[PDB]
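Each chain you see keeps its place in the complex, though not every chain is here.
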Amino acid sequence: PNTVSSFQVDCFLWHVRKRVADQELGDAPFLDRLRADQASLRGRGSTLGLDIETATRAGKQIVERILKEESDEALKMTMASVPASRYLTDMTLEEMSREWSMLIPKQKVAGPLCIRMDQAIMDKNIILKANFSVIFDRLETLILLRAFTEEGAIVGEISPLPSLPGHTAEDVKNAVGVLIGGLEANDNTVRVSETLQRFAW
Amino acid sequence: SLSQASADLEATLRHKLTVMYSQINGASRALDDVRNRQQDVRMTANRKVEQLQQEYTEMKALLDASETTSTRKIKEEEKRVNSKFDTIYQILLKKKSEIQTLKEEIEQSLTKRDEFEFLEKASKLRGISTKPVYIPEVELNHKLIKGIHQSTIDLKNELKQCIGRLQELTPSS
């Protein structure tokens, strides 16, 4: 009793259906079908133990993902989808091109990334800033990440290997975990930028 | 003293080689960074331009709708007056046909004239001059159509003022 994708679909198709009769005239049998399918989907959500909101969000990525064209599509508006291929920058060019020195170097090889940190830093609030390319709602390839103190000094760096580009997003999440652990082991408070939180946790 | 200082500066220059390697790699990462930043602002500019063009095409479609609605109001007023005139044409042609028929009836009644019954046959037809029918006046609503024209000119002038208000917000190169 598992193939309940049809419920998610029906939750999606109903909500958009509402829109029509919920703003324009639509039709009276159409609105009657709206109310009837509403009650039926409520009963199915009760007997399923599955939320309508969550199943509609699932209907989003279960429908909008396999709409290929028999014939010529919804001209997936670029005002609403450019797609979302962008490049995010927490760091300034000065911050990027700046050179730094570790008193107690720690170098580790996390997959295709090199993590570097100054172990001498202790009891500081550190913030992570990174410049990286984003595709859709996922990180694609990292250009650089660095760790700044409350005062702006560099204390850590996640950089891809010069000979071995590129990498995935999960490799970057692993490197982030390793760097945060190595730094917080020295009594350091680690905060992260909003973009990094968005594509790292 | 010079051979050991030679080894000393060999070792110091060797560690300087590694710091150079790391800084050159940092420079390559900064070059990728600047390239990706310019690529991002290119994408942003193109996206904003296509959103602008989509908005201006929506405005053009609204203008098309307004144009069609105004021309439909004008054609419906035209067709009103012209169908009143068509019914008047129909009435006048009916009366004209009655008179034409009676005229030909008198003309071919004058061929059998030297029989006594000609009087009995034709004294009725001098009496029947059924020529009535009242026609009310039809007036095209000039004020309405000239007001539509005046008001569309006013809307054009108001769009002029609107676009001026829009463009004065930002600098022009």
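Going by the order they are written in, the chains are A and B; count residues from 1 in each one.
Here, contacts are C-beta pairs under 8 Å (C-beta built on N, C-alpha and C of every residue); 3 or more make two chains touch, one makes a residue touch a chain.
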**Message:** For a test of your reading: one copy of every chain kind is shown, so what is the whole-complex stoichiometry in these labels?
**Reply:** A x4, B x4
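Criterion: only the chains that are shown with their structure count from here on.
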**Asked** Approximately how many whole Å separate the CA-defined centres of subunit A and subunit B?
**Response** 44
**Message:** With touch defined as at the start, can you tell me which subunit B residues reach subunit A in the complex?
**Reply:** 23, 25-30, 32-34, 36-37, 39-40, 43, 47, 50-51, 54
**Request:** Enumerate the contact residues on subunit A facing subunit B in the complex.
**Result:** 77-79, 82, 85-87, 89, 93, 96-97, 99, 131, 133, 143-144, 159, 162
